[PDB]
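One-letter residues, chain by chain:
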Amino acid sequence: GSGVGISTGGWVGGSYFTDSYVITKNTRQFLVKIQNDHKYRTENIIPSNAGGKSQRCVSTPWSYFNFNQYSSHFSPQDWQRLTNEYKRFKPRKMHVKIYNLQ
Amino acid sequence: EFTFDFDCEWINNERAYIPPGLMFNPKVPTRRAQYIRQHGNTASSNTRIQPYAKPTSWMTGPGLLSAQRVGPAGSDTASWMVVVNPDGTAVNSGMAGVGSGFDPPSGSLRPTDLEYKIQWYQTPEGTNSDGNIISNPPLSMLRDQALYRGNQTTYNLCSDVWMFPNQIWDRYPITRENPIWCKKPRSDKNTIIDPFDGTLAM
Amino acid sequence: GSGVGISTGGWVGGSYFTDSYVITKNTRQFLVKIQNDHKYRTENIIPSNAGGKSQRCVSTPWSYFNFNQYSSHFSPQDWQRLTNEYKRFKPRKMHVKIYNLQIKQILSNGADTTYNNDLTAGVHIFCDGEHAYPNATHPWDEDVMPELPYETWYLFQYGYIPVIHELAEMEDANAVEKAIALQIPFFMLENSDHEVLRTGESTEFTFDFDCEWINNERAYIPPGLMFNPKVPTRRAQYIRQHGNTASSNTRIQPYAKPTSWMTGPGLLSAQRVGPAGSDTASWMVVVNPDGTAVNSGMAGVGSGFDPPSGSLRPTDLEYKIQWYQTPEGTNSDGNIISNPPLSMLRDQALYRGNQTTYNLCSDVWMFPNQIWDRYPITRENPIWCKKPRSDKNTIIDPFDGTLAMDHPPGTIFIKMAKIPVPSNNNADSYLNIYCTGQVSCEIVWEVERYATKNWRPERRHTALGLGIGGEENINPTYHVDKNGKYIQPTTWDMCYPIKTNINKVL
Amino acid sequence: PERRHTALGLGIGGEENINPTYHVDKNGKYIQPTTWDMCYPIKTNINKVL
Amino acid sequence: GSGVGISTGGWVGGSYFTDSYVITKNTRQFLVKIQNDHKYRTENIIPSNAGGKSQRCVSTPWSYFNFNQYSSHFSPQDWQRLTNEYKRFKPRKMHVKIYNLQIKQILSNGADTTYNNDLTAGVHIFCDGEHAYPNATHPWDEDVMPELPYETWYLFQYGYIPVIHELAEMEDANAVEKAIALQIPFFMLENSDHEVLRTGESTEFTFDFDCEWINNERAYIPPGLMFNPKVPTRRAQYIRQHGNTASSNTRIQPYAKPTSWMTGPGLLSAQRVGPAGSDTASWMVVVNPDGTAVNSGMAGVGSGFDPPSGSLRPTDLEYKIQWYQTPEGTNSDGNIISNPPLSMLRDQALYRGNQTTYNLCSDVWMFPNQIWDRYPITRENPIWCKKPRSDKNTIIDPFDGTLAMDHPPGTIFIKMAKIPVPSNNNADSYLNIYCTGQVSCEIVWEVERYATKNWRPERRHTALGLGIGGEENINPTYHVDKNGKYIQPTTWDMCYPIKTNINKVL
Amino acid sequence: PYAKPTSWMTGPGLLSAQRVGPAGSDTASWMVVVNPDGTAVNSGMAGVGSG
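Residue numbers (full-length UniProt numbering), protein chains in the order written: chain A, 33 to 134; chain B, 236 to 437; chain C, 33 to 538; chain D, 489 to 538; chain E, 33 to 538; chain F, 286 to 336.
Careful, some of the hints might be misleading.
The calculated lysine-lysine pairs, modelled on PhoX-like cross-linking and capped at a C-alpha distance of 25 angstroms, are [to be verified]:
| id | chain 1 | residue 1 | chain 2 | residue 2 |
| --- | --- | --- | --- | --- |
| 1 | A | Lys57 | E | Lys536 |
| 2 | B | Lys352 | F | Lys289 |
| 3 | E | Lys517 | A | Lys119 |
| 4 | E | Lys119 | A | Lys129 |
| 5 | D | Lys514 | E | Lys119 |
| 6 | B | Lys419 | A | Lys122 |
| 7 | B | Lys262 | E | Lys517 |
| 8 | A | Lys122 | C | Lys122 |
| 9 | A | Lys57 | D | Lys517 |
| 10 | E | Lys485 | D | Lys514 |
Restraint-style ranges between C-beta atoms, simulated for each label pair [unchecked claim]:
| id | chain 1 | residue 1 | chain 2 | residue 2 | range |
| --- | --- | --- | --- | --- | --- |
| 11 | E | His439 | A | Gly46 | 40 to 50 angstroms |
| 12 | B | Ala308 | C | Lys210 | 55 to 65 angstroms |
| 13 | E | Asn371 | B | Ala302 | 12 to 22 angstroms |
| 14 | B | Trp355 | A | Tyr53 | 28 to 38 angstroms |
| 15 | E | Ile284 | B | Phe239 | 49 to 59 angstroms |
Some but not every residue of chain D turned toward chain C, in silico, with C-beta under 7 angstroms [stated by the list, open to error]:
| id | residue |
| --- | --- |
| 16 | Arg491 |
| 17 | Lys514 |
| 18 | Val537 |
| 19 | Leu538 |
It is worth saying that the hints were derived from the structure and are not from the lab. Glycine included, C-beta positions come from ideal geometry on N, C-alpha and C.
Work the whole structure out from these sequences, hints included.
Below, the structure is given as structure tokens:
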């Protein structure tokens, strides 16, 4: 069953360490609001006393998720254990869910 | 739901206890010889290289120490400015208008000044010297490097070490507050991809 | 059957040539003795008038075999045939045996010394193929296997540099040098498993090379010179106005065609420094973390990069590889200096047009479309070097012509077993013993024949380029004199360099 | 022994300066690391033989 | 094949870590010599100014191997990794080999001494796994296997105490001491079967531990402090009238909640006694049957109980375990003193309310609902002890942190075979011989990884806590100096204690 | 925010030099020569080199 009164997921969290791999799990509550009055605009950024530097950007009515940083995926406990017990690491697979929308 | 499969290069946390040039037996003699040119009154000599000094085939990694940051804090302030300026354009501003600062320039060379070190603020409310974290030497023997150019009397640091054969260095030591990856831009040609902030370019 | 009166092997020797491969076989008699009083010690090497240079090393009670050099695996006959008949070669498989071991007790009764057999004594043998310990060998060391098969081969004590000494020593209580010191590693080879052999036992080791070829190829022209001089080009050139000379835009001449290929890298800018006792090199590669005391010169924290030249022609003798042919060589007596192979990829220069003349730029860094040949190696060169483990590196081309490898042939370590003797107060006193034995090395070398459409004859290595030497100066190079002394080559061409003979069409 | 990252390298912070790094203070504010070593860099610990 | 010229084993070494278990491998070179002139003797030890203390022992012509200590099985690297990465460990299986034996004759012709081989000589080897004889080993003895693999390992003579000396000696003709003396047992190890080995022979021994875990766990709070301070309690408290202060009956405050858990046992009441030469301990455990003469002090009939403290925090240095790190340590030079692990189960006290203040009660006996942690053990601790056979006992928790067992690893006894020589009158004269050999010990250690929901980083053992030492004071702990001397840890934290690192939620 | 440091850099190239000599020569800002040691080489670098 699914509907208004049924939740679409649950909270995941914590890390799991093995010899070959580590799994980090993180859940956040996010907020999305109307950006830019629902329209695309191309505006100039002209700073004062910037050494002549200027940018032109297109502002969209869109926002985005950014997962790029280690602090967000590792607790200080997990980072300590990672850098103390392992000689190398790389990311392998990433899975993202968006659910329980209001 | 979304899935993504990384195809990546490893991130190594490894300390080098000695440099690559220091690996040899100090007590074994070498058959290499060295010629020292006549310097002033000191006579010319041709002699066997000492056992405790053995010439190395490995060299300092690249980095640019020559330049300095420019202008007020509100500008794009970097020792090295990467510009794209086609011929014929008006370009009435400074080079920061047509260009993007290349920071940090240092590479594996030890930063001479604080201008060359990666530093960030730990919270969005950080300002000035309150709340900033400055990179320090990991005390790995691949991470702080210099070339000195013999002038026949002393040695002098050469600030610009370009890419050269047989260079060996370690990638930037990354803390928990570093970004994990970066976007490698699409282009015909590129050199070895080693972002100086330690991110994995993909 | 096996026991005291049964030999564990036999003498192998000689070379075998085919089209695809060459097999060299060599056997030596070696001697192992007690090193360092059976103990590990960490001592300082502080030279006088060394320019502040100092080392700290850990001396182990271990000695090792070093097979790295060509002279040890090839006779001058075999090296000549190799470099005359083959356009490239690399090592493929290496097999080492240690056998026919004799452990003897040394009895000193006085000025006289006698030698008995300890039949129950044993010898420790360890091969490090994983490179778990510090590497024992460095290119151009005196510690290599002997060239002539009938000389005794005396192994050298093993030792390593645990730290940069200048950064470890703690002066006026430096906090970062304190941290460097606390991290200084310490390696005992007893920390692993190894064989212990008595006189009837033997051991064997195999290693498979994965290598890049060593090419002996002469370029008769540079890469920029390949084009037809009589065909016109459609390229145009603009010459800026210089003084009174007017500006011109004109078609490039057919005999001068611009090239897309460029001089290889090299650093000619610097000069050697300081007295001979220092580390004297035009370029010094240092590691000096921030905060350290470093009261000496840069030679203390750094290692000299020699030769700097690369494929650029050496401007001075300081930039040329030179060695001594015997351990007794000193000054200019017995030294061999590299010379140009007369290949057109090996002597290179960039000149920078100033709008009037051209001027040599000494520092040629790495640049796109650079093309060069690797250093021409003689029979007296080391074969390989250890490529250090690191995140990033550029193109690996050691300027001494060695083959850099992540996993070279593992070093075989050998040690006399400590035989302690009783004492009233337990004290360190041991039985004085040594081992002599036979060690064989068979390397399989993969080779390739050459074929050419060249009409004319090509340069080859001949015995008529050799010199005369010895006691009475009646005997030639690579021969023995009246006293049994082996006449050494006195010039670089007498060592038969590669890339002097077989032409290639670029 | 080799260098490892320990909590004894962390600092004290917060409102009353009784609480350590990576913890919350009286007001619920999270105490941030004030130095680069408190961020536990890689390549500071595990030795390698070149 | 086997014989004089064939070795019976090889050198094993190093550690291997997994999630479930760790394997340590160690090999030593040992020396066995003739002890006690090949005879059993019963001698008195009567010290001067010893407080009347005296022992009687039987010295055997036997020596033994002692494997009991952690430093001998773990390198400082391996111990660090053990205590950083694992929350508990125990020994599982132990395997011992004795091999590569060399028996040599000692020839003294004068000031000089020479050594030959006796190939037909042999060595006696006996393992007592049934504990049929008196135990050879005691915790904290100098007789343990060496720490560094390349040191010679000199075995110690075996001997045992047959009786309490003060109760055996018969003075003014005591009838009950007469009966104690007639019952004094006498043990010869020749009373059983054992192997005799020549130089080509070897032996092996296995032992399976059945043990309780050794936990390295830090308690961040005491067991009495676990509750919610903001939740009110329904418990009430009555305070008696004290002087002018009126009596009150009131609800217990939410931040103070009474605990059902109590301080572990320990005895702080007493003090050490007498000169250093005596048996000096705050608590003396004596056995003195009725009727005995006992003319000395209680140290003569008794054994000191040290440390008394238990989990109670030591009030004075007298109550702390301290040892010397080398056999050459004396006075305050080279001694290491235990420190608090900063676990909240290890430093405990009871205070007795007198209705005005609280006062420490020094003697905390065993009581229901007591909870404490076992003594934090460093790498320099003995691993196990012998639990004596008895009808009844209380909870077995040796205050030095050793694992008490009914059947520890059996002691391996070793002896030189007596080779008698002829004489005109039959007299006791023998051939002077000794044996050196190699002994390996492989212990399998069962381990367990930790997992935590703690957010923050936890304490770990780092090399940055180590000190600098040696001849020139440039070298760190656990390293060798200029002279080959091994730099010892100077503090208790440098020995990496357990229960300092990994937190646990009570 | 409008100036963010980049990890990417200008490609290689050599702008330093200038062309040399009359149009009939090999005229290029950079001359790539091969000149072994001992040779006579009485001309300019264009004789032993390619632009």
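Each hint, compared with the structure:
no.: 1; hint: A:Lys57 to E:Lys536; verdict: holds, 22 angstroms
no.: 2; hint: B:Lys352 to F:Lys289; verdict: holds, 15 angstroms
no.: 3; hint: E:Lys517 to A:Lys119; verdict: violated, 32 angstroms
no.: 4; hint: E:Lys119 to A:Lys129; verdict: violated, 35 angstroms
no.: 5; hint: D:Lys514 to E:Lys119; verdict: violated, 32 angstroms
no.: 6; hint: B:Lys419 to A:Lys122; verdict: holds, 17 angstroms
no.: 7; hint: B:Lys262 to E:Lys517; verdict: holds, 21 angstroms
no.: 8; hint: A:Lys122 to C:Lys122; verdict: violated, 35 angstroms
no.: 9; hint: A:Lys57 to D:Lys517; verdict: holds, 23 angstroms
no.: 10; hint: E:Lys485 to D:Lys514; verdict: holds, 22 angstroms
no.: 11; hint: E:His439 to A:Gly46: 40 to 50 angstroms; verdict: holds, 43 angstroms
no.: 12; hint: B:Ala308 to C:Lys210: 55 to 65 angstroms; verdict: violated, 37 angstroms
no.: 13; hint: E:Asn371 to B:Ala302: 12 to 22 angstroms; verdict: violated, 53 angstroms
no.: 14; hint: B:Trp355 to A:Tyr53: 28 to 38 angstroms; verdict: holds, 29 angstroms
no.: 15; hint: E:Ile284 to B:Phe239: 49 to 59 angstroms; verdict: holds, 56 angstroms
no.: 16; hint: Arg491; verdict: holds, 6 angstroms
no.: 17; hint: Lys514; verdict: violated, 33 angstroms
no.: 18; hint: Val537; verdict: holds, 6 angstroms
no.: 19; hint: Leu538; verdict: holds, 4 angstroms
In summary, the numbered hints that this structure violates are 3, 4, 5, 8, 12, 13, 17.
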